[PDB]
Structure formats: structure tokens, C-alpha cells
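Asker: Build the full structure now, drawing on both the sequences and the hints.
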Amino acid sequence: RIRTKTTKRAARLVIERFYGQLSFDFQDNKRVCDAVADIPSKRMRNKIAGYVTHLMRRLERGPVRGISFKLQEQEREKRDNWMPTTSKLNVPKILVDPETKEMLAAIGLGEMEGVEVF
Amino acid sequence: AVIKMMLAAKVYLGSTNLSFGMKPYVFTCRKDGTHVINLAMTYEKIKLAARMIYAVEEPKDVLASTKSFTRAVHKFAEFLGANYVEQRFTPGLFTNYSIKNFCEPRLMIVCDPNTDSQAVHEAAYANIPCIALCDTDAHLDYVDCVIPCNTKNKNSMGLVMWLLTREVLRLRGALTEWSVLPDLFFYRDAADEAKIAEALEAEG
Amino acid sequence: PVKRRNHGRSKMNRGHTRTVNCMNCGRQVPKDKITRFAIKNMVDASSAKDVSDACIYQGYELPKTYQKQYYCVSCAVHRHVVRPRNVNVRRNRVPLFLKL
Amino acid sequence: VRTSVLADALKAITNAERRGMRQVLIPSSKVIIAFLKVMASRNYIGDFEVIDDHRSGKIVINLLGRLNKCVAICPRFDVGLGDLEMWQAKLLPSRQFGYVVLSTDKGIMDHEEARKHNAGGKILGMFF
Amino acid sequence: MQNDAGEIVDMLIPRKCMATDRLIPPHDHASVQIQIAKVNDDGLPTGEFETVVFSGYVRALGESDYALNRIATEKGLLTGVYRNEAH
Amino acid sequence: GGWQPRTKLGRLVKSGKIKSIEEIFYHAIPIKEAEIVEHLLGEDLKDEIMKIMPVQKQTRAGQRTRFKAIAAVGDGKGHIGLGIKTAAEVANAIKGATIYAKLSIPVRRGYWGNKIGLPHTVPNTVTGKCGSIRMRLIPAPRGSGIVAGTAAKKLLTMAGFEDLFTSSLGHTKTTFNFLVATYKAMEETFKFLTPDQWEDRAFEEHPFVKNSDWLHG
RNA sequence: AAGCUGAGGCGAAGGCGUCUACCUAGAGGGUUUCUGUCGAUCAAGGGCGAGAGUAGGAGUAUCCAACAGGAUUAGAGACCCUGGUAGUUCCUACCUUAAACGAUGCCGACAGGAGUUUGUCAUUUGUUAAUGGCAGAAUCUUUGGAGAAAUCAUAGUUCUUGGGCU
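Chains as they are written, first to last, in the working numbering: chain A, 2 to 119; chain B, 39 to 242; chain C, 13 to 112; chain D, 546 to 673; chain E, 55 to 141; chain F, 208 to 424.
Everything labelled a hint here was simulated from the structure, so no lab data went into it. Heads up, the beta-carbon is just placed ideally off N, CA and C, and yes, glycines get one too.
Derived contacts from chain A toward chain B, CB cut-off under 8 Å, selection only: (1) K79; (2) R80; (3) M84; (4) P85; (5) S88; (6) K89; (7) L90; (8) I95; (9) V97; (10) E100; (11) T101; (12) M104; (13) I108; (14) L110; (15) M113; (16) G115.
Answerer: Spelled out as C-alpha cells, the structure:
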């Protein structure tokens with residue numbers, strides 16, 4: 002009782018396009034996958050909808066690999082774009098190890114105003 | 039005029055056992071075992087890396103981070119309009135035209151050649167020049183123009199890619215502090231993000 | 013052709029080496045060519061809690077036996093101390109355990 | 546034991562040129578210095594420094610990167626002008642470049658010199 | 055190569071590596087041809103590039119990094135970088 | 208509608224932006240389509256099946272036989288290619304090996320004695336070795352004819368050398384080696400650095416970066 | 001002569017493991033000691049040479065060719081088991097062979113990285129350690145070249161053919 006490559010690769014392609022429909026319940030999603038996709042048989046849609054339900058209660062959780070459903074693509078862009086106030090790169094004293102100070106002598110940039118050793 | 043050793047010597051001095059090709063770029067081997075990357079030569083070489091990056095067309099140029107520490111490579115692409123590959127490489131990319139995402143560049147730029155031999159070696163079947171942000175523990179074969187760095191901690195890769203993007207924009211024009219900080223170029227853990235999910239709804 | 017650079021012998025720089033015996037065959041084999049240092053508990057495990065009721069001296073530490081074991085290739089293979097393996101992972105000169 | 550120097554030293558120069566070095570370190574002599582001088586006239590090599598150590602010597606070559614092999618054949622076969630144009634056909638790859646250093650009575654000079662002067666002698670090797 | 059009455063003969067001339075100075079044949083696809091933008095003082099591009107070349111031998115070893123240091127500093131595209139210091 | 212170019216190089220040729228084989232060779236670009244080489248030399252180049260051979264993988268049902276085959280492309284002016292191919296059918300092998308030759312394609316030439324007119328032989332002796340076989344191509348005076356094995360001669364004629372000398376070594380019955388070591392010998396002709404290719408000329412513009420705007424916009 | 005005992009050391013190879021005193025040899029290191037080419041390799045010729053074997057003494061615990069029983073098997077002159085003399089140990093003469101194997105002759109040069117490790121010296125108070133030097137011993141590798149391939153820092157520098165001897 003494993004789901005084959007055709008019914009998985011359909012069921013991922015359904016959730017691609019129509020996450021705006023669908024629910025946690027099976028008996029709803031069964032009736033969706035008639036209208037969404039022309040399918041020859043009855044048994045096919047029960048196994049497609051059976052995985053479409055399975056992925057929904059995985060999706061109520063961290064984001065599933067190899068699937069992208071348009072609401073999260075919008076949400077990732079907002080979560081991506083913004084960047085917090087301040088550089089966050091200024092201590093601003095900046096601690097530095099004893100040997101790495103002697104490097105900053107050898108470059109020719111000691112008396113930097115960034116503090117030393119410990 | 040100008041001093042970004044404040045920025046650089048914040049996060050990254052670190053290293054492990056060094057390669058023969060990388061022995062010029064490094065300073066004194068420190069007690070413990072750690073080595074000291076030289077901040078003089080790392081800034082100076084990024085200035086050259088920008089010039090090389092000054093290809094005729096930005097889209098043709100390819101900037102492709104199989105190591106997780108993959109956010110910074112995205113942004114470099116956006117600002118410079120340079121193509122990139124998330125996920126694994128997929129070999130036969132530069133050869134093998136029958137793959138869907140077939141992209142011969144005019145040059146490429148890498149996270150690390152030690153973690154990623156595969157894209158480095160397929161440069162050599164299609165005349166592609168390679169530039170690399172390796173730390174000390176790094177095979178240097180098949181690669182021009184080393185950017186001596188750290189690859190291990192999350193902050194080090196971000197600082198360079200931001201700084202590389204900045205030096206390129208000054209050359210090509212449309213840039214004279216531009217408001218994009220190097221906070222945006224960092225790798226972020228889900229845990230790092232968890233707080234980002236809070237801060238969006240906190241605004242509303 | 014040569015199967016191993018070693019030749020199954022771990023000796024460099026010396027013409028001769030001493031012999032030992034696999035515990036089972038009793039076969040004479042050079043020392044250079046399948047040793048295990050072997051710590052087993054002298055009582056057992058499920059025996060031990062039955063014993064420690066009847067022990068004079070309280071608590072106590074029930075001792076361990078020690079044994080350096082020598083085999084030989086024929087004896088080693090039959091007991092699954094060693095097996096054959098793929099030509100690529102023959103080179104792999106570390107044991108199964110692995111650490112970070 | 547060092548059976549020959551001119552034989553030995555031209556091996557080391559060739560191993561530099563295959564690899565593509567900038568300079569090489571050869572115990573020196575007065576035939577090796579002349580052999581390097583004659584190929585300096587035809588511009589196969591750069592320009593070199595025969596240093597003192599109150600000893601055998603050393604040479605530091607400066608390679609130009611234009612050179613494929615230096616042989617030095619031995620034993621040192623006698624050759625005489627009418628006999629010579631066999632030893633071009635054997636030793637060199639082409640007809641149209643590459644020279645055959647032989648110690649003529651006048652001094653050590655290419656085959657192209659030696660036929661001009663009309664003096665043969667014993668041969669040292671070649672280069673190309 | 056020359057016909058000697060006059061003229062020049064042969065079709066194509068392999069480009070020569072700047073590091074090693076050997077010929078770059080037809081089929082060594084590891085060969086590389088860079089462009090580097092020369093810049094005006096104060097960092098202004100002049101619309102004029104230097105084209106650095108390497109053979110597939112030199113990249114294969116590792117050393118094509120170190121040639122770029124040497125060649126660029128000769129042409130006058132860097133300062134420091136080439137020549138010293140470790141420690 | 209004929210062949211539709213795929214990849215950057217085919218695109219330039221259909222366009223006609225780059226003319227002649229030499230531009231491609233000088234820049235050392237991979238030729239990944241046979242539809243390129245059909246276009247550029249599109250006149251003289253000829254297919255020549257050098258031989259077929261039968262080849263037998265054993266299986267639990269006895270002996271899946273397949274036909275290995277060579278072809279050889281040959282413009283009479285100073286170009287050559289060689290390809291090999293197995294298939295189950297004989298026609299798929301030959302029409303495969305024709306394509307493989309074109310994918311791999313300039314033979315340098317020079318004079319024996321004096322520079323006369325128009326070169327007719329290898330500039331210097333060169334040897335290409337594949338497996339056991341060793342092939343040596345030797346400078347040779349004018350009007351000698353080529354001398355080799357008839358396997359080697361057919362390939363050599365395509366190369367266009369007027370006269371040549373040869374010296375085979377090793378197990379020369381194995382013809383797929385013997386032809387390859389001939390092909391590999393002519394590859395080594397450009398590798399060998401002479402006095403003539405001293406100087407530095409200016410480096411030619413690489414034909415992607417030259418035409419990097421017809422390609423896109 | 002267990003364990004310590006290892007891809008550790010020494011010896012021309014065969015080979016060499018408790019501790020103590022005794023006579024003896026030498027490799028490597030260091031050396032602003034001395035000599036000044038005295039050297040390389042080798043037909044004959046000379047010695048050393050595992051284990052078995054031989055001759056004559058001295059031993060004889062263990063293990064044990066042969067042999068004797070007992071099993072198993074169709075048969076079992078064998079494998080397994082119980083006993084067993086020659087040998088196995090020492091001394092004096094011999095024999096001169098082994099997968100005596102790195103199945104890789106000896107001397108000399110050069111050509112790539114990486115970290116192990118044995119000896120010893122050098123500059124440092126990282127002094128049972130760090131970096132570097134010569135001399136060993138192995139190893140790894142996305143390096144070059146070679147090879148029929150397996151593979152090999154030598155089996156590389158070889159139709160781009162010649163350092164010297166057997």
C-alpha cells in the first residue's frame with residue numbers, strides 16, 4: 002500500500018496550483034480533485050486525495066521539501082526582504098587577540114581605536 | 039580612506055591547517071593551531087575581483103554555496119543581476135545542452151572549492167574562469183583569484199559578498215553609505231528566522 | 013597481481029618476525045600478520061545480581077578478565093572477526109567506530 | 546659518482562623547461578658555461594650567473610621558456626664535416642630548426658657555425 | 055611560419071600562456087582568457103581592458119592564482135599582494 | 208525548417224556572425240554540435256567508414272552482439288576528425304560515428320628542405336601513442352608520396368599531407384588504436400613549440416564578449 | 001623469554017626482544033680537525049648465508065617426518081584422536097639451497113604538495129614542546145608523467161630515443 006510516482010507527482014502539482022481550495026478533511030478534497038483535474042477512474046482520485054490530505058497535515062508544520070504553493074512564495078519574499086536597524090557589526094570597541102594585533106601593526110594600521118587582548 | 043578592518047576584524051580571523059597555495063595570503067600561525075588570515079590582502083584582492091566581475095553583461099556572468107552558510111549568494115545575484123543555483127549543482131551544467139537549466143557563463147564565482155569540487159572541475163571543460171572565497175584549508179587547483187576568508191562561521195561569507203557587490207556598483211555607476219547593510223547578507227537558521235516571523239506581525 | 017601494497021604484512025624494514033597462534037586452529041603465524049585486546053566480565057551480567065546478594069564484602073567490584081587474542085586469516089574469516097570487502101574500501105585503514 | 550657534468554646538467558635544465566620554471570640551479574664547469582653561451586646566441590635561453598664558492602661552482606640560469614630539450618650525448622663521438630650531415634638527420638627532429646653543439650678546434654659552436662669555419666670535432670649534444 | 059619568397063602561411067596561431075609560455079592547442083578546454091578593467095585614478099573605468107591568458111596546464115597544478123598576482127602587479131592593477139609578507 | 212541552433216555557438220553560426228573554423232580553434236571553444244561543422248566546411252568534407260567490428264557482451268541468455276564502428280571526417284585542406292561508436296544496429300553505429308567525428312575536429316604543416324611554395328608535410332616528427340600502438344610521423348622530401356599502412360594512409364590523405372614518412376610500433380592489428388594514435392600524432396603537431404611561434408601578437412577578441420548584445424539585446 | 005611489541009629500531013643479507021658485568025663493530029648527527037681524488041661497478045677468486053639434511057660427542061622437557069593403534073569412508077597409505085623414535089637444544093666439522101620476494105641489480109642528478117614518525121643538532125622558555133636543518137622509515141593526494149592494464153615520487157625525466165658499470 003505505497004503511493005506510486007504518478008499519484009504523488011499529481012498530488013504535489015495539485016497543491017502547487019490550488020492551495021486556495023482544500024482542507025484537512027478527505028471527503029472535501031476528493032470532490033475537489035474531480036473538478037481540478039480530469040481523471041479516468043474513481044480509485045485514482047481517492048488515492049490522489051489521500052496524499053493531498055497527507056501533505057496538508059505535514060504542511061501544518063515546517064515547510065515540506067520539493068513543493069511550493071504560492072502563499073508561502075509571497076510570505077518568503079516579505080520574510081526575505083527586510084533587514085534590521087543598525088549594522089550590528091559595531092561593538093564598537095571590538096576585542097582582538099594578541100597576535101592579531103601584531104598583524105594590525107604589520108599592515109600599518111595600529112592605533113585604530115579598536116581594543117586589544119582581553 | 040578607507041578602513042573596513044573594523045568591519046572585517048569583527049567576526050573572521052579563523053582557520054585550520056593550511057594549503058601550500060594559501061601560504062602567501064596567511065599571516066603568522068597562532069598558538070593553539072589556528073592561523074591568521076591577512077586583512078591587507080583580502081580587501082586588496084576583492085578590489086581586483088570587482089574588476090573581473092565587470093563582464094560585458096551581468097546576466098551572462100554566473101555566481102553559483104552548496105555549503106549552507108546560500109543566502110549571501112542569492113543577494114549577490116539580485117543586486118548585480120547575476121544568475122545563481124540554489125540546491126545541489128546538478129553536474130553536466132556547463133557541458134550537456136539537453137539539461138533544462140543550461141547556462142554557459144563568461145565567468146563564475148564560488149563559495150568554497152574544497153566543499154564544492156564539482157562545479158570547479160566542470161569549469162575546465164568549458165573555458166570558464168573561476169574565483170573563490172576559500173579559507174586556508176582549501177585545494178587551489180583550477181581556480182584563479184583567491185579571496186582569503188573564513189567559510190565556517192555564518193558571518194564571514196556574508197561580509198565579503200556584500201563588500202564584493204559594493205565595489206562592483208561603484209565601478210559601473212548608479213552608486214556614489216548605500217542603505218543595504220551587511221545584516222541582509224547573513225545565513226539565518228530557522229531559529230534565527232523564528233524571531234523574523236515575530237517581527238513582521240509586531241509591525242502590524 | 014599485487015592485491016595489497018602491504019601484502020597482508022605490516023612489517024617494513026625487517027627480514028624476520030616472531031610467530032604466535034590463532035586460538036582455534038592453533039596455527040603458527042607471524043606476529044606482523046589480526047589481534048584483539050578483549051575485556052569480558054568474569055561473572056556475566058544476569059548472573060551478577062544473583063551473586064551480589066550472597067557476597068561477603070559490601071558493594072564490591074566484580075572483576076574483569078583480560079585477553080590478547082591472536083587469530084590468523086583462516087580462523088579470523090570463519091568467526092566473522094574480519095570479512096572480505098569491496099576493492100575501494102579495502103584501503104580504509106580505520107575501524108568501524110567514528111567520532112566528532 | 547658523477548660520471549659527467551655536461552650530461553647531467555642539461556637533464557636538470559630540461560626538467561625545468563617541461564615544468565615551466567623561471568630559473569634553475571645547476572656544479573658548473575668550462576664546457577657547461579660554453580654550451581649555455583652558444584644557445585644564448587640563438588636566443589633559446591635568457592641570461593645566467595656563474596657564481597663563485599672557491600669550489601666547483603654553481604650556475605643560476607634564467608629561463609625564457611622557449612626550449613624543449615637539451616640532450617648531451619656521450620660517449621663524445623668524433624665527427625668531420627662530410628660525416629656530419631648524418632648526425633643532423635638522426636639527432637634533430639626537424640631539418641628547419643635545432644642545432645648540434647660540437648667542440649670544434651676553434652671552440653664549441655653550432656653545426657651552422659662549424660661548416661662556415663670548416664672545422665669539425667667531437668660532439669657534445671644538441672638543443673631544440 | 056613563412057613562405058620565404060614572401061607571405062605568411064598556416065591557418066591560426068595558438069595563443070601563448072602568460073605564466074609558462076607554452077602553446078595553447080585547439081582542444082585544451084581548460085584554457086582561460088580573462089578580461090580585467092583598467093581604471094582611472096580615483097577608480098573610474100576607462101572603457102579599456104587587459105586580457106590575461108592561462109593554459110590548462112597551469113590551472114591544473116594550482117599556480118594560476120599566483121600568476122594573477124605577479125602579472126597584475128607588473129601591469130599596474132594592484133599594490134601589495136605580490137611579494138611579502140608571511141609573518 | 209532545418210536544424211534549430213541550441214547553445215551559444217550554434218547561435219553565432221546560424222547568424223553568420225563568425226566566419227571560418229580558425230576563429231573557433233584559436234579560442235579553444237568546445238564544438239558540441241555537428242550542425243556547426245557541416246556549415247563552415249560545407250562543401251569538401253567527406254565521411255569514410257574506416258572499419259566495422261563485432262563486439263560481444265555475455266549474458267544469461269547467450270551473447271548480446273553489438274557493432275563498434277569508426278568513421279573519419281576529412282577536408283583535403285588541413286583538417287581531420289575521428290570518432291568511434293557502438294550500437295546494436297550497424298546503421299546507428301555509422302550514423303553515430305559520423306557525428307562523433309565532426310564533434311572532434313587543424314593540422315599544422317611545413318616544408319622539408321627549403322620553403323619553395325605551399326607546405327606539404329609535418330613540420331617536425333611527432334608521435335601519438337594510444338594503448339600499445341605508437342605512431343611516428345616523419346618529415347619527408349617533396350614528391351615522395353605517403354608511406355604507411357593502408358589504414359593510416361586513408362586518414363593521412365584526408366589530412367592533406369602531400370608526402371610523409373612513418374614508423375609504427377606495437378600491436379598494429381588493433382585498428383581502433385592504430386587509427387587513434389595517428390589522429391593523436393596530428394594533435395601533437397600544434398603542441399610542439401618551434402622558433403616560428405615566438406613573438407607575442409595581440410590576443411584576439413573572444414567571440415562571445417565581442418558579440419554579447421546581438422546574443423541578448 | 002608472555003604482556004610492553006607498533007606498517008617501531010638495528011644488521012651486508014640470512015636475521016636480532018627478561019636482567020647484569022664483560023670484549024667487539026658501526027650507521028646517522030655535529031666539526032673554521034687531517035689527507036687531497038685515494039673513487040664507481042665487477043669474469044675469476046674469497047667469505048657470511050633461514051629451515052631441512054649429514055658426521056662425531058653432550059643432552060633429551062615439550063612438540064613431533066616415519067611407525068603403531070582408534071575413528072570416519074565404498075577404500076583412507078590422509079584430514080580428526082591416543083601414543084611415539086630420528087629431529088627440535090648445546091659443541092666440532094660439513095652441505096650452500098628457499099615465494100633467500102620490494103618476485104623491482106649498484107653508484108650519480110634533477111623533477112610536488114600534505115601531514116605522520118625514529119635519531120641528532122640549530123634558533124627560541126610553545127623546552128618529553130614549536131618551527132627549521134641533514135639521515136632514516138612508512139603514508140596520503142582533486143598533482144604531473146609513465147604503463148598493456150593492475151598500478152608507480154619511482155616502474156617519472158625514453159621514436160623529444162645516449163650519466164657510468166654488471
